[PDB]
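Here we start with a single chain on its own, the form deposited without its partner chain, put down as structure tokens.
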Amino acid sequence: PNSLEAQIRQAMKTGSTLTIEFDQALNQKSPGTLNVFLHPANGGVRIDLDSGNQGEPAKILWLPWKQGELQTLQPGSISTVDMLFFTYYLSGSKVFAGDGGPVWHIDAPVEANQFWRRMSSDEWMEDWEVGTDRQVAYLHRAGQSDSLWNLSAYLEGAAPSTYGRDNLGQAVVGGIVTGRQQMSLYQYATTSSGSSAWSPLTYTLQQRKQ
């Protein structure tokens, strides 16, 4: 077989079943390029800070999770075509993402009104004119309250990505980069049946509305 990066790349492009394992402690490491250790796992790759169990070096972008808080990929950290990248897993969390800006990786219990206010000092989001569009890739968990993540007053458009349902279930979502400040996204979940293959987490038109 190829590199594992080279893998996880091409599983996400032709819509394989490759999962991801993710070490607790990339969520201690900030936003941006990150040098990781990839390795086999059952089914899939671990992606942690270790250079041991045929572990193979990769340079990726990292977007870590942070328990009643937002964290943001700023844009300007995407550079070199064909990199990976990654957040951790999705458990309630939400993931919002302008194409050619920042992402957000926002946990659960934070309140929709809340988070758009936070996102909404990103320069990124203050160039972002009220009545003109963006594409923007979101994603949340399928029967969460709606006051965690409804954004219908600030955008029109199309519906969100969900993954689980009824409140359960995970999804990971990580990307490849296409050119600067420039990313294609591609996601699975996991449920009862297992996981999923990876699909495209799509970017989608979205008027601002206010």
Contents of the next structure:
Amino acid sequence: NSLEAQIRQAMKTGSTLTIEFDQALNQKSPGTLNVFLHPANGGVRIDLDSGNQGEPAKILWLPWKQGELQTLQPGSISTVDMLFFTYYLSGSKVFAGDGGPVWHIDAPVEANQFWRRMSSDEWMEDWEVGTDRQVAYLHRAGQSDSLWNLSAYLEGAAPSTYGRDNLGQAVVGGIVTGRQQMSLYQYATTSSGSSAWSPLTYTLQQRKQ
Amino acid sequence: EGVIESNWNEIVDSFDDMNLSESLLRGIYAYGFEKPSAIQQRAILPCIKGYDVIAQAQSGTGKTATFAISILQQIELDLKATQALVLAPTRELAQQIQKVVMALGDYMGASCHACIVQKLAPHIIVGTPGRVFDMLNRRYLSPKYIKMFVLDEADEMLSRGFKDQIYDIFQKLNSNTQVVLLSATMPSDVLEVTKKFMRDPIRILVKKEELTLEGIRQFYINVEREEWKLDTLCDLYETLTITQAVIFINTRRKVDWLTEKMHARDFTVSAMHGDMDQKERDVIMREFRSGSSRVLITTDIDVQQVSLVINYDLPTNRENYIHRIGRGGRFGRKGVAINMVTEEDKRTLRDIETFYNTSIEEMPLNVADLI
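Can you swap the form deposited without its partner chain for the form deposited with its partner chain bound?
Expanding to the full complex; the earlier chain stays at the top.
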């Protein structure tokens, strides 16, 4: 019945339920944020407005920011069943470390560049060269490799992708399942409309440098 | 580069006339230390007096002596507890602070540990927010005698997702805790931290241009006459490989005109303008992000990547020029912009590089092998 339960349900069952976000959210730093969920079309809008049949919620939010990387810290991932959202992916990428941070990287930010900015993070400094981490990585299909291919830095399965020919949008979300533990989900929006939610999987990746 | 704006006038340019203690100065002169920046020159004094301070200092201030001095001058050297707490966004920045603080600190007998185990109560603790919150949480550190809370590079920390940890740490500190926030950037949420945590603080800000043209290749085409623009626009789709484009138009009337002619040439298009509410824009942005439309045509935008931006009409002023093609942030400094120029534009603006205050070069023939 509650909009929060329905999203959680749609993600687990692999059903179609679209999410709309107020640009105002991107003014809120990565972290635990109180929002209001409102019915909009057959989906759900997320904003900071209490009216229009707005149901409060406490979610893990991760904004988008032009010319930058935004990061969600693992220490924020703790309340079981809490939802997690990041702003619309319309070229940008999302990199997630299992037991680690979630990074929303602006689209034109080069892979070499964001890798260097990511490595500054505590969790990355502990990821010893020659060992593995579980990583969930998502980029737009057909996008230039300069913006996402990390093959010089990691050995492991290829990243997941969204769209085709560098066209399309994605919405990434999650459900916290434990301490520094989260199940990730995605759905795409292309000229064919919106797909259902599907798991965003973590693969094993070895750090090469 | 920029200009200082303060609500407080109390400048000092020397270590000599800061009213410091003797052991501190022994440390200062011992290690030839640098002069403080203009920002620092006006923060240091109220800061020593224990007031709340917001200082828009450049990144890396943590390496400097003035930074260290602002912390060491306040420490009761005979109380064997943690009196100052510095939060930095990364290990290297915390270590740099620890290094200069402990260098000066040694002459004074002050202690400084960087949280990045068993040994842990130094006067000053510097470290990463999560790590530091954890230590307070597991009680390896005490907020009991902490009277100063420094947030070095608050912007970087909020960007790196430590807002939560920062708010949780604050809740554990005494009501009378001096807060000193340093941030090169002052976006909305950083301002919120200060509103939430500070009482009538000293403000030393720097008005800084948020959108920039840096790294955006800017071209112009002498279209000469208005009526040759449509053809010029169609030829660009045969010269270049364009995935998605944004075309800026000056009037609602022309927006509608161009989307009709464009649609007649089998372009998928989304038209947007000022006489539309937010719910109607949302559906239109939804269709562009999804790629259902390959062309967005608007007047004076929420999308992360496009092949280029076309100024079909030249914007009425520089502000508009920057809102149209300028980008925020330090990275992903790339972009392509094409301006269409008529004789009337040239006769009105005289010289577009000067009018829009940027470098715009005539679009060459080999343009595809350049962007």
